[PDB]
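I have a structure here, written as structure tokens, and I will follow up with some questions on it.
With one protein chain removed, the remaining protein chains of the complex are shown where they sit.
Order of writing sets the labels: A, B and C. Residues in every chain begin at 1.
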Amino acid sequence: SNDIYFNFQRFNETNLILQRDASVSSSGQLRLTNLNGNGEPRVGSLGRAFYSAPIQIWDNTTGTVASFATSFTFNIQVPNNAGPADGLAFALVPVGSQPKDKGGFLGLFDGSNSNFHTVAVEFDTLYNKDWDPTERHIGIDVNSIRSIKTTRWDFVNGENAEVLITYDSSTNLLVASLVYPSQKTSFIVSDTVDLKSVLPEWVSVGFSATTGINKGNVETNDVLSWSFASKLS
Amino acid sequence: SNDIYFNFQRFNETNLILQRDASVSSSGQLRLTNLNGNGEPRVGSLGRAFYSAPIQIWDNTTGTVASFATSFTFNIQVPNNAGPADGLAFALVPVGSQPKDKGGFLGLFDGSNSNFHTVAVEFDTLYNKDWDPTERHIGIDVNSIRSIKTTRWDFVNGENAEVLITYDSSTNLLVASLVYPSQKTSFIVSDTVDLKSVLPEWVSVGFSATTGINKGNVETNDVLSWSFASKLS
Amino acid sequence: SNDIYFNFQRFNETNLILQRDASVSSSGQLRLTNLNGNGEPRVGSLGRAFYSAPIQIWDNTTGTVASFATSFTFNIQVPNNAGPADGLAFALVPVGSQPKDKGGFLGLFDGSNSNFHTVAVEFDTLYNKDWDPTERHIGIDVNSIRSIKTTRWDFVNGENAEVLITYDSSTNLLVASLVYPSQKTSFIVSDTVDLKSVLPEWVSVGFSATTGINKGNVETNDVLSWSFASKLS
Partner (left out) sequence: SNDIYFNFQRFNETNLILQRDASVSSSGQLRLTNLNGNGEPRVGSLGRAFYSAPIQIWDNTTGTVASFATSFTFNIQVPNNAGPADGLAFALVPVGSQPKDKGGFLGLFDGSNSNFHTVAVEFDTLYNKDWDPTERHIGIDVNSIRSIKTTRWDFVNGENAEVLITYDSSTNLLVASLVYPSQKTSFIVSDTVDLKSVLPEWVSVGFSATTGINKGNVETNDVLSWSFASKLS
């Protein structure tokens, strides 16, 4: 068994790969998106962050896949007289992977057709006519910004959201859940995903987020703590 | 920190406290309720099982409460031309605690008024006019068979259900979730519970289950694996 | 895998089996032997303590043996103008097992010939002509008070000793080590032991200790913290 486990209750940039607007505040928070400087979520911001060490999600010589679980607490805040956009997502991406489109694409996809060998659990705050369900949701994305399945998520501005995502090698079951300790509300989604089919044996694990590309559609995308655990074979 | 952690992928009666009809099959399964000829769920069956070592859930001298998480896989099967009844539940009970009423009371409650110092997460399969919601559900019970909160549970006969219950000391948040890997369906409930108020410092941890008290209302109540983890202070 | 893990940084009698003079101080310490009011270690004291839940060390149907590790901190104190006696030991004993002889037998053995199905790691403080090496030692005992192997242990009165015992199923290697953080001294012993041959599938895990049976040979035998971990199959 080749295990890996880490838990960050305070972030620091030395063991993180930051891309674009991603940055770690002096207070130890992982801030995925910018500020127009005046303390307001910048428009058209895109930021990604990954753990500096690759994780082996599956082995092609033994044919085994890893089981994993991750939990993190994020906080999305929308400024007065503005709307949430575009969202935040946990993602398993190819090691050297570079950022993609802004806005509705969450920095993870193109809208083109290139195989992104990407799997992500998104927390969509803005409705996109072309592929999104009508209400804000939690979705499991497998190579497309069009979730393979979703669930209604009743977004609450400024409240800490606690997430738990788990993958089981045997059942190929991916389960994502979110709860607002303050609201005592909870949501859960689950579907089967075959990681061998879409992901490369080694992947970089992390977050990606974006703000709307239009003046009044912005939000902050901060992660306050994160823990990941993976067991292979 | 006084921790405890165990994981049983196969049960054996030597480190278990069995009550009434509870028993461990030769195949290592924890069978909470009886059977009879042919191999049918006996009517009016009641069985409880606990880990033979007490767990300290909170300390009155330091004022701290433990955080815990448990996960188990159960399988409820209803025989042809019969209906599910009455249910199964994970419960934290007083150490010497003895069984209570059958049927709708799940062997955990009376319907009287005695403080049972019991907290349980139930998986109710039968509707009880007097206190149950109309549909089958998952409920958090705090001293009463009348759940302090519930959620719709779409019961699937004969399919393995995977449960995850977690309690957080800081937020006093109890979260129970269930998923059917085969159906890819999931359900989640959450509410705040102050364990210091209702539970004694030391409790026995385990399961309780019953079958209907009427001819055509029976089911099997088997637990296939179980893991518990508790951290105090 | 049927795992078990616990860690006590403060003892309490509700999840412990105490035998004879064993007791838990108000300060949360496991005191294996008595005191005589004058504050001095009683003469001819014998006390044993075990975790209230049996542990499965091996399975005769699958032929597998468990790997385990335990660590604890003990403190032996000798009163002025007196000598250490008789010792302290960590032991895996049969579930219902009752105490044996006092003094040099550490409460674990007879000197007769009954198979005790006992395995213990002793911390011998008194020399017994008949079977002990000349100097104080750490010894691995397999069914006899005559250690199957030992190592010189330079006893330091009143200083906290930190112990680590580990057993590996594959290599059948038992390794015991002790260190005095204050003295920066360390000792280690290792030998192979086939647990299937001497131990019953289920055992009670714990400590045993005694004081000399002669006026000026006494000591305190206190355990300050304890953690055990076992993985089967």
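Brief remarks follow.
Going forward, a contact is a pair of C-beta atoms (placed from the backbone, for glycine too) under 8 Å apart; a residue touches a chain by one contact, two chains touch by 3 or more.
Considering the whole complex, the hidden chain is in touch with A, C. Looking at C:18, C:165 or C:189, the residue that reaches the missing chain in the full complex is C:189.
Looking at subunit C, the residues touching the absent chain are 168, 171, 173, 175, 177, 179, 181, 184-192. Interface with the hidden chain, as seen from subunit A, comprises residues 1-10, 12, 14-15, 51-56, 95, 202, 227.
Note that in this section only the chains that are shown with their structure count from here on.
Subunit B and subunit C have Cα centroids lying 38 Å from one another. Separating the CA-averaged centres of subunit A and subunit C is a span of 50 Å.
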